[PDB]
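**Student:** Letter by letter, the chains look like this.
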Amino acid sequence: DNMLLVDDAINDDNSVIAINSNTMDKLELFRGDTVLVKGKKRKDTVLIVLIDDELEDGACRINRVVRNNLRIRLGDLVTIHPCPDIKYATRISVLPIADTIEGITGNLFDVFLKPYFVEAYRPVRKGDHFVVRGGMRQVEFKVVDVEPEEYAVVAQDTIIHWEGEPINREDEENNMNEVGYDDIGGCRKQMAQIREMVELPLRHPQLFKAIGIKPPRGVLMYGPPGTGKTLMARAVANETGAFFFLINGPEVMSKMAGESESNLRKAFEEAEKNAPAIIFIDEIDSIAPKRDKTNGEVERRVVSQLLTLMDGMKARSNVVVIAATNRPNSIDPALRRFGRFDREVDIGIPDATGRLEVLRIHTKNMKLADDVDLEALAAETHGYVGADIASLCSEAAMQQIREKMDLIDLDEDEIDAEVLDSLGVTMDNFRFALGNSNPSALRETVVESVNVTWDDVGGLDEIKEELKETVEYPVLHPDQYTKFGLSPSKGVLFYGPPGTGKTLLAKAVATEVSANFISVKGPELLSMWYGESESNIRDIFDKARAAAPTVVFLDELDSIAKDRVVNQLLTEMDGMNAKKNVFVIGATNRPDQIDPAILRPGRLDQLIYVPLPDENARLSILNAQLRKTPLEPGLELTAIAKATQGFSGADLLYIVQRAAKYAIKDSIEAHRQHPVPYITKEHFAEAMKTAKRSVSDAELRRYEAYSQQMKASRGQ
Amino acid sequence: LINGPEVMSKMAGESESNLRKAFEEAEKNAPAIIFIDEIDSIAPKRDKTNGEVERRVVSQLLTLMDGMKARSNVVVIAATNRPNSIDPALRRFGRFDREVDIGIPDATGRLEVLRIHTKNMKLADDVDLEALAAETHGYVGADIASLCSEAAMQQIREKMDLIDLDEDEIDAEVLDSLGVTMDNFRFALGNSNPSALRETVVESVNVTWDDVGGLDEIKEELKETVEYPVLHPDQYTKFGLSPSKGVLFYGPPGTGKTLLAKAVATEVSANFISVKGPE
Amino acid sequence: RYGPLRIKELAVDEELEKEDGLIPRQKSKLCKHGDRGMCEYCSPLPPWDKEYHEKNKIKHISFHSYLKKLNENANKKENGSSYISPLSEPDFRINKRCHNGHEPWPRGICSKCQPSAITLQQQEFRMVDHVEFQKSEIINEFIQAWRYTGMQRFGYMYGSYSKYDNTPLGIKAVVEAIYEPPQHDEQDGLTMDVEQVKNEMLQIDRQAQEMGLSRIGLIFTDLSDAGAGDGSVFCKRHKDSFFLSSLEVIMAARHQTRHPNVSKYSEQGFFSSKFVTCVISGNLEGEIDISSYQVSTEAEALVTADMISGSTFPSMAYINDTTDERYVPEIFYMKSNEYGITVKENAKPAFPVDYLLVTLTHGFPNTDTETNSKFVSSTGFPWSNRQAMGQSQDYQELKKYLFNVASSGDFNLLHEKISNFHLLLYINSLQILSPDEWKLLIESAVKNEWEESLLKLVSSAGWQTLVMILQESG
Ligand SMILES: Nc1ncnc2c1ncn2[C@@H]1O[C@H](COP(=O)(O)OP(=O)(O)O)[C@@H](O)[C@H]1O
Ligand SMILES: Nc1ncnc2c1ncn2[C@@H]1O[C@H](COP(=O)(O)OP(=O)(O)O)[C@@H](O)[C@H]1O
Ligand SMILES: Nc1ncnc2c1ncn2[C@@H]1O[C@H](COP(=O)(O)OP(=O)(O)O)[C@@H](O)[C@H]1O
Ligand SMILES: [Zn+2]
Ligand SMILES: [Zn+2]
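Protein chains in written order, with UniProt numbering: chain A, 33 to 594, 608 to 719, 749 to 790; chain B, 278 to 556; chain C, 107 to 580.
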């Protein structure tokens with residue numbers, strides 16, 4: 033109907049749109065009609081309709097300036113509606129762009145605008161752009177202000193105020209707010225959650241009146257720093273079109289005593305007075321830290337004022353409060369109950385596709401060279417948040433500048449445009465930037481996604497089926513459990529010799545049910561025990577709840593399970622709701638050393654043995670670790686697998702690594718002497763000559779004895 | 278009405294004059310009721326706060342409370358989650374002496390709460406609020422309200438397929454077709470997460486001498502120990518013998534000691550408080 | 107409104123806002139850096155720097171500079187907010203409708219709609235800085251009123267505002283003429299029905315606006331004669347005594363509340379009326395020195411909700427009692443001791459008014475500069491409401507005053523006699539002249555380049571009738 037296709041208009045007029053005759057008949061439009069056109073980002077404009085049969089039915093033509101104003105590209109769909117109630121502009125104040133007006137003498141108004149508006153009746157709306165082509169020059173302008181507001185028709189008698197200081201162009205670009213969803217990638221799940229939690233209360237309030245419920249108000253986002261929380265909040269606010277009222281934490285806390293409270297009160301009052309609105313309290317942890325932190329009165333009055341304001345807004349006002357904190361435990365506990373920030377959202381490091389999306393988003397203004405393999409960079413960047421990727425791009429560009437610096441005269445302040453053209457980033461530059469990268473997200477526990485199937489784990493079919501029936505069935509067929517009245521099992525404990533690949537089994541289990549994975553290695557547990565860490569077990573389980581369905585993994589639990610930490614872990618495990626799809630998987634090498642309390646029913650009761658890989662399993666592991674390596678044609682690893690009886694997966698990795706080391710040594714020696751694109755069987759034999767088992771016979775016998783004891787304990 | 282944080286957020290020297298004027302006005306227009314919500318924030322434990330203002334406020338509160346005790350028909354009510362958090366000096370004669378304990382509701386209480394909250398929602402015919410009340414255990418009223426809100430949100434999310442978000446308004450038929458199904462409530466139960474049980478709370482139990490097996494002599498001994506003092510204190514006074522205080526169960530694990538304790542509590546119709554090992 | 111409010115205000119405010127007022131400073135001898143690059147002592151001094159004001163013997167900070175300080179203190183550009191109005195006039199009246207669950211104040215109140223304790227403190231910014239009397243005659247005639255009658259007086263003072271270079275971003279109110287409302291003056295005080303005063307002043311101010319003036323304050327004389335041989339007067343208003351007793355402060359606060367100043371930086375659009383009150387008391391010697399004052403903004407918003415009344419002690423203002431429709435919270439007045447520590451003293455029975463005032467600097471135009479006085483007049487046709495004295499406006503005085511000049515010519519002499527404020531008001535009162543004829547009359551009498559307009563005026567039949575009836579009348 034009104035979803036007209038966008039196309040480039042022949043005319044250069046800034047307020048003229050050509051439409052097809054068929055569409056004109058459908059919409060009952062006519063030549064010269066002023067119509068309101070809406071595109072994307074809620075952008076709107078006023079265009080004079082002109083019949084044009086050249087366009088295909090259902091298509092319209094607009095010029096470059098109108099498309100730029102509408103923030104839309106050719107081929108999109110725009111909605112055109114009648115605008116019969118547009119009045120003549122009583123007074124329009126307009127200012128030019130400085131860079132455009134450079135080199136112009138005389139009165140700009142007479143030169144450009146006076147012929148442009150006389151006998152033109154061009155509709156003008158605030159925030160629009162119009163370009164005047166006079167003589168040999170072309171100058172753009174802005175619709176700074178219109179009376180009556182917000183738009184009106186510039187008639188012959190309309191007064192135009194061109195007086196005013198030039199407007200810098202840098203503000204429009206470098207201040208690129210109004211960022212849409214297209215500027216956020218790799219976090220579609222959390223973006224969808226925030227959208228479904230914010231848009232519907234504001235865009236369609238009548239829904240909840242029809243259902244007769246009070247929609248949730250508070251929202252609390254948290255995650256590692258640099259994951260785009262502020263960017264997501266800004267994008268949601270801009271798309272929703274609400275009265276955004278960004279509030280910073282450090283900014284509020286930097287005011288004199290007795291002023292931060294006033295700022296908070298004024299902010300909340302203005303947000304209420306202009307409903308609907310969206311208040312974003314950035315870095316709330318800087319306003320209301322944990323109780324054990326600063327006890328100063330100035331640090332308590334602000335928290336009390338914030339609590340009072342949060343409790344006082346419960347009314348028919350459309351106010352939504354969004355807060356961002358690095359960790360959930362930093363905020364005062366009082367801010368996590370009903371009527372307050374009761375809804376939580378967790379941001380985690382992206383996967384390969386997310387990193388690719390981030391790279392493409394950032395690497396659209398770069399003058400990249402042809403040899404770009406963004407997929408390769410995404411594969412080789414693990415654990416990078418968006419900020420790290422942006423820094424990587426900046427460093428790569430700086431490296432390219434350094435490389436091209438040879439053709440630059442530093443003393444001279446002007447650089448040849450030819451040299452500027454030659455600038456282009458290359459894959460080597462990105463590799464160097466990675467070499468100079470300093471990721472820091474992984475220093476703490478963070479939600480992440482894994483993509484391991486039942487192919488990187490060789491053999492162990494019975495274990496695979498046991499894990500499937502333990503985990504996958506509850507998630508996919510909970511209705512059956514309800515029908516039979518059986519509560520799903522919470523977690524399991526993997527025990528066995530080191531290197532059996534327990535982490536791989538955990539990752540596979542997480543992948544099958546499409547669940548986020550959280551890892552807690554031994555050093556993290558020790559740091560928590562000493563109390564010098566930035567996070568605590570309660571925080572870990574809160575994040576697990578927030579990012580459900582999650583899978584928490586503990587490694588070498590025997591170090592702490594040899608106790609305050611174990612008590613906290615038991616309390617948290619008992620606390621969690623059974624229905625929540627949260628699974629705690631523990632890995633250890635000395636099960637008998639584990640505290641018996643951990644093994645009680647209702648806890649990590651199920652005990653699963655992870656045996657060493659067998660011949661076929663070893664062959665599969667070797668083939669898997671060598672899939673992306675150039676091997677000798679006609680080479681067979683069956684003999685090597687047969688000869689490696691009793692070796693663990695880590696041992697096979699070590700053998701392959703030594704073979705690769707010998708291959709690279711030989712290749713480098715040959716190149717220096719100057749061939750060997752692959753690895754010959756002699757390298758594998760040399761590597762195997764140094765093979766050494768990582769498991770002693772006594773320990774394996776002890777594991778077998780423990781397994782036999784466990785089987786006897788269940789054999790009657 | 279006086280709030281804790283609301284008074285605490287005032288400038289220095291103004292959080293006490295407000296209390297003074299509050300009490301004076303309450304006296305002027307008797308009968309009056311004063312609800313000092315979140316009294317802990319303005320009177321925490323003595324060790325928690327050492328600042329001068331945090332003691333000026335408490336002293337002013339105590340002086341006003343002592344001066345209020347008179348013919349005036351004014352009653353003071355205070356609320357605080359932790360009974361020990363309040364300054365101990367506030368719990369003497371002539372002050373907040375009478376104490377009331379609020380415990381998590383039972384199945385009947387949960388049913389009543391659900392009915393009270395679920396009176397306006399467009400509930401579908403296939404709703405079994407009794408089943409929800411039975412399943413929800415340890416859910417405080419706030420948790421139940423959140424559960425209902427989440428279920429309604431899930432229902433609207435499911436119906437979103439036919440809803441065009443771009444249009445400001447929606448077809449009236451779709452708006453009038455919203456209906457909450459039992460599956461939505463089950464999903465909300467799955468999502469929800471109560472937190473009352475994290476700390477010790479008072480709750481009732483309904484275990485009789487039929488969910489346990491055997492132990493007939495033990496049951497008789499427990500009855501003689503607890504029931505008779507509660508049901509027939511008159512005869513105990515007649516003989517002048519005070520009842521025994523406590524009892525200690527010992528034996529192999531998994532024999533059902535918790536069920537015996539719950540049954541004993543139910544027989545005397547007394548509230549049950551528990552303290553697990555981790556606590 | 108996604109930014110600063112949109113409204114049109116006085117030209118003085120606009121031009122002052124355009125400036126920034128930075129006071130440049132040169133290389134200090136303590137700097138350690140090359141020629142370019144300023145470290146900490148060479149930076150420009152902001153216009154609100156209190157050190158400069160107190161070092162130059164200026165007691166207040168030229169309100170516009172205070173606005174600049176407030177704007178700089180917050181409201182980061184391009185981000186950090188969506189604009190918060192920096193100026194807000196305090197209001198003490200209890201919110202009649204809060205309803206968190208309680209009923210209106212008369213029978214119910216919560217802690218959210220309870221007027222918090224008021225901390226009285228001397229204001230630091232004075233709206234209008236310098237009050238300037240164009241000519242000595244304007245006030246000499248006023249004092250001559252007291253000389254002749256012996257009773258006190260009271261009169262509004264019309265004029266216009268302009269810049270004041272001598273102070274950073276300062277404003278000066280130049281007073282052009284004085285109009286005396288009908289009042290019943292007496293030895294110890296004066297009285298006047300408010301209804302008549304406002305009814306008369308409405309039309310008088312309409313005519314003044316037509317003439318280009320504006321009501322910019324009230325002036326009253328508190329003078330007593332001494333026992334010396336000549337005319338000497340006691341100095342009853344000094345540091346020890348009361349500068350302004352309670353009642354005058356109350357009246358000034360009411361007047362300010364009823365003459366709001368339109369501003370672009372408040373939610374309501376008004377803040378701290380630019381109204382100046384002048385009192386004549388006499389300096390430490392026997393002279394007849396004048397003074398100026400202005401009640402602070404808190405006192406402006408304090409009298410509106412009653413809460414203040416006069417006290418038998420001249421220097422202290424009584425405080426009223428709580429009652430329905432009037433809630434009065436505890437009032438703490440903050441002072442400073444000799445040890446540099448602020449002390450809060452509760453003063454319920456009564457407190458001094460020294461904390462509710464800001465003092466302005468009176469003066470007269472330099473006697474060696476261009477003369478831009480609207481009216482070269484005020485020694486002639488007697489002023490309006492001097493019925494108590496012999497002065498009385500009527501046909502006979504016009505015949506004696508403005509007949510021989512018109513009957514012959516000499517337009518140069520005529521112009522000054524036609525540029526008298528009260529003369530214009532009286533002739534307009536007669537209603538003899540037609541509207542447009544009166545408009546061109548005022549345009550000739552209050553503007554330069556008046557030859558053609560004056561000739562046209564004397565041409566119009568209205569003036570011919572005026573002169574004819576004047577001559578015919580005794
Ligand atoms: N999709 C994205 N996810 C994460 N970061 C992104 C994304 N797109 C861009 N970025 C960049 O990552 C950074 C995110 O900053 P952010 O962590 O939100 O700031 P804050 O510290 O205020 O939370 C910015 O430099 C932003 O440009
Ligand atoms: N099917 C498999 N069985 C055992 N190990 C494997 C298998 N597939 C891969 N591996 C390798 O085993 C290693 C396990 O490392 P590590 O975590 O230190 O020991 P574990 O996983 O046994 O705790 C991984 O680096 C991985 O490359
Ligand atoms: N008569 C009984 N004897 C033993 N166990 C029972 C009996 N009745 C119920 N149970 C079961 O015992 C479990 C709780 O055992 P209990 O002894 O109360 O706690 P614990 O095992 O910690 O001592 C419950 O899951 C319940 O199903
Ligand atoms: Zn310097
Ligand atoms: Zn109220």
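Bear in mind the hints are in silico, worked out from the structure with no lab data behind them.
Any given hint could be a false lead.
Simulated DEER-style distance windows between Cβ atoms [claimed, not checked]: (1) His205(C) - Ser546(B): 39 to 49 Å; (2) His208(C) - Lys322(A): 30 to 40 Å; (3) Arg392(B) - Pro646(A): 33 to 43 Å; (4) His205(C) - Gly90(A): 46 to 56 Å.
The beta carbon of each residue, even a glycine, is placed where N, CA and C say it ideally should be.
**Student:** Evaluate each hint against the coordinates.
**Tutor:** Right, here's what the structure says about each hint:
| no. | hint | verdict |
| --- | --- | --- |
| 1 | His205(C) - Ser546(B): 39 to 49 Å | 42 Å, holds |
| 2 | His208(C) - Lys322(A): 30 to 40 Å | 34 Å, holds |
| 3 | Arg392(B) - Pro646(A): 33 to 43 Å | 36 Å, holds |
| 4 | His205(C) - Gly90(A): 46 to 56 Å | 54 Å, holds |
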